[PDB]
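A.B. asks: Next come the chains, spelled out residue by residue.
Protein chains: 2
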Amino acid sequence: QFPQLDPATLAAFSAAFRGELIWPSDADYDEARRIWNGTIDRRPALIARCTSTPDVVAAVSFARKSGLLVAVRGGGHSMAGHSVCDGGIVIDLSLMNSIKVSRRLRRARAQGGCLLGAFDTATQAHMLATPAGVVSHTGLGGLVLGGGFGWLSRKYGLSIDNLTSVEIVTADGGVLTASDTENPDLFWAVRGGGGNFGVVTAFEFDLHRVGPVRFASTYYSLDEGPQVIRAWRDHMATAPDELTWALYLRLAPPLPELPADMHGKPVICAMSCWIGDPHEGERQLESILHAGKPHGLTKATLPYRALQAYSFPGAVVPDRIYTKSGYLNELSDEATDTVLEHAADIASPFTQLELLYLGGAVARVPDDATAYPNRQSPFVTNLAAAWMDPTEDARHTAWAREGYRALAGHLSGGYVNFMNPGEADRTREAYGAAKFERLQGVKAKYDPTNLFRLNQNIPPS
Amino acid sequence: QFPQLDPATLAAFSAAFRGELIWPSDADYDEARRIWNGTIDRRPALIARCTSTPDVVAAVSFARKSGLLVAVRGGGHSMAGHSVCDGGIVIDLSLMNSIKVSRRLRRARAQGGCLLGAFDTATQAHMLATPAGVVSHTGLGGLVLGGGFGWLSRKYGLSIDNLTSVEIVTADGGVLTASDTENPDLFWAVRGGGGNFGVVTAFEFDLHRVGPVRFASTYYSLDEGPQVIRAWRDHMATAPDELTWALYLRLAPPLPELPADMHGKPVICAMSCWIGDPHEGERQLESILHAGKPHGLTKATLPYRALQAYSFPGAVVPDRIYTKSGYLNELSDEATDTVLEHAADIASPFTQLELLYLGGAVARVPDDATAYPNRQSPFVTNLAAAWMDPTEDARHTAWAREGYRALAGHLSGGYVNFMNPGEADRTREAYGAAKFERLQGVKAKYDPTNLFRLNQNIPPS
Ligand SMILES: Cc1cc2nc3c(=O)[nH]c(=O)nc-3n(C[C@H](O)[C@H](O)[C@H](O)COP(=O)(O)OP(=O)(O)OC[C@H]3O[C@@H](n4cnc5c(N)ncnc54)[C@H](O)[C@@H]3O)c2cc1C
Ligand SMILES: Cc1cc2nc3c(=O)[nH]c(=O)nc-3n(C[C@H](O)[C@H](O)[C@H](O)COP(=O)(O)OP(=O)(O)OC[C@H]3O[C@@H](n4cnc5c(N)ncnc54)[C@H](O)[C@@H]3O)c2cc1C
Ligand SMILES: O=C(CC(=O)c1ccccc1)CC(=O)C(F)(F)F
Ligand SMILES: O=C(CC(=O)c1ccccc1)CC(=O)C(F)(F)F
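Here the protein sequences come in this chain order: C and U.
Residues in the first sequence are numbered from 2 upward in steps of one, following full-length UniProt numbering.
Residues in the second sequence are numbered from 2 upward in steps of one, following full-length UniProt numbering.
Treat the hints with care, since some could be wrong.
Since the list gives no way to pick out one identical chain from another, each pair is judged satisfied if it fits inside one copy or across any two copies.
For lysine to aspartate or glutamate, the following DMTMM-like pairs were computed, each having C-alpha atoms within a straight-line distance of at most 20 Å [stated by the list, open to error]:
1. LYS446 with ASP338
2. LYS294 with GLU21
3. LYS101 with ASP29
4. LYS300 with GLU258
5. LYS294 with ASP426
6. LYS266 with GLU331
7. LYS101 with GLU331
8. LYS300 with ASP27
9. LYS66 with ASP369
10. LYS101 with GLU32
11. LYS300 with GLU283
12. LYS156 with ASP346
13. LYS300 with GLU287
14. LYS266 with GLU183
15. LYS101 with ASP31
16. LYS101 with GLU342
17. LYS446 with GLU183
18. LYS101 with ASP27
19. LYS156 with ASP181
20. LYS446 with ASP173
21. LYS266 with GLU21
22. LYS294 with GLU331
23. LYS101 with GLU21
24. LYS294 with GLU335
25. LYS294 with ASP262
FYI, nobody ran anything at the bench for these hints, they're computed from the structure.
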């Protein structure tokens with residue numbers, strides 16, 4: 002926490018760095034070191050808030066020279082706690098939030114510290130968008146490096162499927178460009194390979210015109226769980242790419258649109274949207290809403306920016322979280338029953354057992370085209386425990402691990418961006434052997450000393 | 002646009018500036034010089050995209066030494082076209098979008114180029130907010146310096162009512178902090194006096210906790226205008242601060258929630274929200290939704306960030322705009338009829354005649370406490386023509402001027418941030434004589450040469 006540093010290499014860093022430095026003695030240190038996963042309580046020797054690419058070069062080089070463990074932070078959403086370290090340096094990108102958008106080229110260049118909501122605001126000024134995650138204050142950086150999925154993904158692919166280049170700072174302090182035509186081996190690896198290869202300071206995306214979206218959210222009783230889940234699974238198998246429909250098993254929020262009868266009881270929350278014409282969307286959504294008897298139905302026609310901002314309306318931000326996630330190639334009636342049993346046990350009002358259906362454009366990309374594994378598995382399930390009181394940690398964590406073990410014969414792979422702090426050992430199985438090995442080769446080339454290891458780490462071959 | 006610059010002056014600027022320059026021969030120049038108001042077609046000698054406070058110091062000094070007319074650009078929303086100039090320099094802040102939020106202090110520091118949606122994203126990560134306008138890609142900078150109102154204003158005031166300090170670069174290249182206790186004269190003047198005093202590079206705000214908001218929008222036939230507008234004005238006179246209710250008279254958008262037979266015909270779109278508990282909001286919104294026969298009702302409980310992203314769901318971004326706006330102290334039956342007559346003539350599908358009710362917290366601040374005038378007028382009307390085809394300019398512009406002139410006996414003052422490119426002469430009546438004199442005094446002190454004059458301009462002394 003107070004390691005001895007070399008005064009000469011500290012002063013050279015300071016001279017070369019235009020951003021802000023936050024030391025352990027500083028008033029803002031305890032807030033600056035907090036990340037969204039509040040179970041993670043670590044104490045860096047230094048937080049370096051970078052403001053440009055040359056800042057990130059100076060910070061990488063200073064870390065390498067001084068032997069400080071490197072954490073990189075974009076939006077601080079790491080479910081595994083990777084964006085903070087004990088006794089090392091946090092290369093904190095959160096002030097590097099600039100976005101340039103060309104309407105004529107349908108292109109955006111976003112800095113590596115952007116939040117999604119900043120990005121979506123900027124592109125939507127021109128009625129443009131590209132796929133990203135569903136919660137606005139997530140970081141672009143970590144989300145994209147792992148793949149990135151959300152409402153636009155069935156239609157337009159993963160975030161990475163719209164990424165045309167990056168600017169990246171490597172472990173040796175060099176600044177590279179990677180694209181299809183420049184360092185393409187690195188360009189393959191960053192599209193799914195996390196922060197293993199360097200600090201991405203700029204991302205360039207192709208964009209799509211996305212106008213108003215018909216959206217619906219409704220809640221179903223768990224008494225109708227099997228019918229509603231089976232309807233969802235069957236429907237999604239043949240659904241237009243334009244339809245996205247997700248199920249969140251959770252206690253019913255105390256909202257005025259729901260009867261007070263249901264508040265605080267486990268329910269299915271179904272969220273759906275039509276990426277396309279809203280009149281068509283109204284027809285499509287009406288056709289799926291009666292999977293069970295709907296309660297607390299909200300339907301609206303939203304700019305895409307508002308769809309992105311919608312998830313989720315609650316009164317309190319959860320402090321502590323723990324997640325267990327995997328993909329499924331099929332969701333059987335037996336797995337459905339398992340999901341429903343484990344959902345009925347949910348204790349916290351912030352916890353959700355999520356059932357997502359990807360496929361569509363995501364699955365049309367060939368498997369070997371990027372480092373993102375599992376494109377062909379259309380289901381994702383995430384036991385997303387969240388709560389407030391640290392004395393409850395063992396109970397919440399146990400719930401998520403029990404549900405995972407019960408589902409484990411159905412599950413395959415894992416999204417690197419849903420891994421928890423204990424899941425370092427899941428990397429090889431997440432990627433599979435052929436991808437894991439190709440990534441190790443890229444690692445050997447670009448980060449042979451594994452300078453960047455606070456991630457779902459790929460050691461160099 | 003191709004002026005002769007001094008090589009020593011230019012070189013000095015180059016050495017001190019770390020942002021991006023855009024020259025007239027560059028491929029991105031025509032896109033970079035476009036502003037939201039597409040009727041404004043100007044060709045600067047240089048666009049300087051600043052990335053830091055020192056960048057702005059360098060651009061200001063360069064402009065002063067070179068005699069280049071200065072445009073300052075935040076989000077580019079100027080109804081008057083002030084953020085681009087022929088032959089001068091645009092000090093372009095749009096890459097200065099960083100925001101730091103302290104949850105524990107309930108404070109945000111935001112750079113002068115931020116978009117609202119970026120700010121709201123950042124504060125909402127903590128369930129915090131402060132008031133700002135209702136269209137997410139508006140710039141923070143110009144909106145705040147003229148006062149800044151939106152959904153949170155009846156409860157929490159203008160943006161400026163939550164401002165605690167600014168960092169500002171003045172005409173002589175100096176960097177100052179202004180606050181209640183530091184350069185307080187300047188701090189008075191920036192709260193409502195526009196960009197007249199310098200380039201604001203950072204704004205610091207107090208924040209509030211703002212959880213889910215109950216929201217409604219519904220459309221009434223314009224045949225019910227008399228009763229709807231009467232209900233609105235009478236209800237708002239005694240309404241809780243928590244209620245905000247605005248009327249947009251427009252052609253009905255072709256949305257699936259509306260019957261096809263109302264598409265494209267004159268209606269009143271009413272939008273309302275309760276800033277407070279959502280069960281209470283449901284009861285309050287239900288009580289006002291029958292001002293006329295409601296059609297196309299949308300009711301939702303939204304995160305405040307989604308409320309901010311909502312305005313407005315349309316499929317096309319209007320290229321050309323023209324606004325005429327004023328305040329009213331009261332809204333008589335005869336003014337009501339005048340508005341309704343003028344609204345029945347609307348031609349473009351993007352044009353709206355807006356009727357806002359402010360009051361609440363905005364009117365509880367003493368009139369002399371900031372440079373914002375007209376606090377005690379609760380009504381704002383804005384004839385906001387918007388269209389696509391340049392051959393239609395004379396027609397749309399006439400509609401707006403005609404409605405304004407018909408209302409002018411009822412109107413007082415004017416919001417500087419709704420002024421059109423032809424309204425330079427409205428500055429003294431907008432502020433009133435005492436405020437305008439005090440502002441000229443502050444101007445003589447901080448901008449004695451009127452270097453910053455692309456704004457609703459206050460000449461010194
Ligand atoms: C509430 C919430 C909702 C989410 N929803 C979705 C969703 O809808 N879809 C989805 O796909 N994912 C989603 N996620 C998961 C998310 O993709 C991961 O948590 C992601 O890693 C977050 O990125 P970040 O920059 O915010 O996180 P951080 O904790 O800052 O970083 C995560 C990892 O990326 C690295 N990193 C970050 N920025 C850079 C960079 N610029 N260059 C190099 N390395 C970098 C870090 O070193 C770390 O290894 C969500 C997360 C949260 C917490
Ligand atoms: C679609 C739309 C919706 C709007 N809705 C609302 C609303 O709900 N509420 C409301 O109050 N207003 C609203 N407005 C009006 C708005 O407040 C003004 O248009 C505002 O001036 C825009 O600021 P900007 O930075 O985007 O514009 P710009 O055109 O970049 O700047 C406008 C003025 O401010 C100066 N300037 C900008 N940034 C700075 C800075 N950092 N320091 C010094 N000078 C600066 C410029 O020199 C210029 O004089 C809206 C505008 C638009 C176009
Ligand atoms: O739902 C998500 C995951 C998701 O990406 C998604 C959700 C709906 C539609 C498309 C994609 C965010 C979330 O709450 C999580 F906890 F899982 F992280
Ligand atoms: O009509 C508005 C709305 C506005 O400021 C407002 C709207 C609702 C509540 C409080 C304030 C401004 C705007 O976005 C426009 F450009 F059209 F003028």
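A.B. asks: Now look at each hint and say whether the structure bears it out.
C.D. replies: Status of the hints after comparison with the structure:
1. When the C-alpha separation of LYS446 and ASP338 is checked against a cutoff of 20 Å, the pair qualifies neither within a copy, at 47 Å, nor between copies, at 75 Å.
2. With identical chains, the CA atoms of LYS294 and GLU21 are never at most 20 Å apart, being 54 Å at best within one copy and 57 Å at best between copies.
3. In this homomeric assembly, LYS101 and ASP29 come within 20 Å of each other (Cα to Cα) only across copies, at 11 Å, whereas the closest approach inside a single copy is 30 Å.
4. In the homo-oligomer, the alpha carbons of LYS300 and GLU258 lie at most 20 Å apart both inside one protomer (11 Å) and across protomers (9 Å), since each shortest distance falls under that limit.
5. In the homo-oligomer, the alpha carbons of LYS294 and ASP426 never lie at most 20 Å apart, since the shortest distance is 42 Å inside one protomer and 61 Å across protomers.
6. For the homomeric pair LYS266 and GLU331, neither the shortest alpha-carbon distance inside one copy (28 Å) nor that between copies (49 Å) is at most 20 Å.
7. When the C-alpha separation of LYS101 and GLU331 is checked against a cutoff of 20 Å, the pair qualifies neither within a copy, at 41 Å, nor between copies, at 44 Å.
8. When the C-alpha separation of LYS300 and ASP27 is checked against a cutoff of 20 Å, the pair qualifies neither within a copy, at 48 Å, nor between copies, at 46 Å.
9. In this assembly of identical chains, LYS66 and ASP369 lie within 20 Å of each other by CA distance neither inside one copy nor across copies; the values are 36 Å within and 57 Å between.
10. For the homomeric pair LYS101 and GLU32, the shortest alpha-carbon distance between copies (11 Å) is at most 20 Å, but the shortest distance inside one copy (30 Å) is not.
11. In the homo-oligomer, the alpha carbons of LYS300 and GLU283 lie at most 20 Å apart both inside one protomer (9 Å) and across protomers (16 Å), since each shortest distance falls under that limit.
12. In this assembly of identical chains, the alpha carbons of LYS156 and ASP346 never lie at most 20 Å apart, being 35 Å within a copy and 40 Å across copies at closest.
13. Taking identical chains as interchangeable, the C-alpha atoms of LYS300 and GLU287 lie at most 20 Å apart whether they share a chain (10 Å) or sit on different chains (17 Å).
14. In the homo-oligomer, the alpha carbons of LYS266 and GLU183 never lie at most 20 Å apart, since the shortest distance is 54 Å inside one protomer and 54 Å across protomers.
15. Proximity of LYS101 to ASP31 under the C-alpha cut-off of 20 Å is restricted to the inter-copy arrangement: shortest distance 14 Å between copies versus 33 Å within a copy.
16. Neither within a single protomer nor between protomers do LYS101 and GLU342 lie at most 20 Å apart by alpha-carbon distance, with minima of 48 Å and 43 Å respectively.
17. In this assembly of identical chains, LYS446 and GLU183 lie within 20 Å of each other by CA distance solely inside one copy; the values are 15 Å within and 54 Å between copies.
18. Only between protomers do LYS101 and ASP27 lie at most 20 Å apart by alpha-carbon distance; the minimum there is 15 Å, versus 33 Å within a single protomer.
19. With identical chains, the CA atoms of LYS156 and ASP181 are never at most 20 Å apart, being 22 Å at best within one copy and 52 Å at best between copies.
20. When the C-alpha separation of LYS446 and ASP173 is checked against a cutoff of 20 Å, the pair qualifies only within one copy, where the shortest distance is 11 Å, while the shortest distance between copies is 51 Å.
21. Taking the shortest alpha-carbon separations for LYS266 and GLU21, neither the intra-copy value of 47 Å nor the inter-copy value of 55 Å comes in at or below 20 Å.
22. When the C-alpha separation of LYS294 and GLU331 is checked against a cutoff of 20 Å, the pair qualifies neither within a copy, at 25 Å, nor between copies, at 49 Å.
23. Taking CA atoms no more than 20 Å apart as the test, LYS101 paired with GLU21 passes between copies only; the shortest distance there is 12 Å, against 23 Å inside one copy.
24. When the C-alpha separation of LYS294 and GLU335 is checked against a cutoff of 20 Å, the pair qualifies neither within a copy, at 23 Å, nor between copies, at 50 Å.
25. When the C-alpha separation of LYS294 and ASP262 is checked against a cutoff of 20 Å, the pair qualifies only within one copy, where the shortest distance is 15 Å, while the shortest distance between copies is 31 Å.
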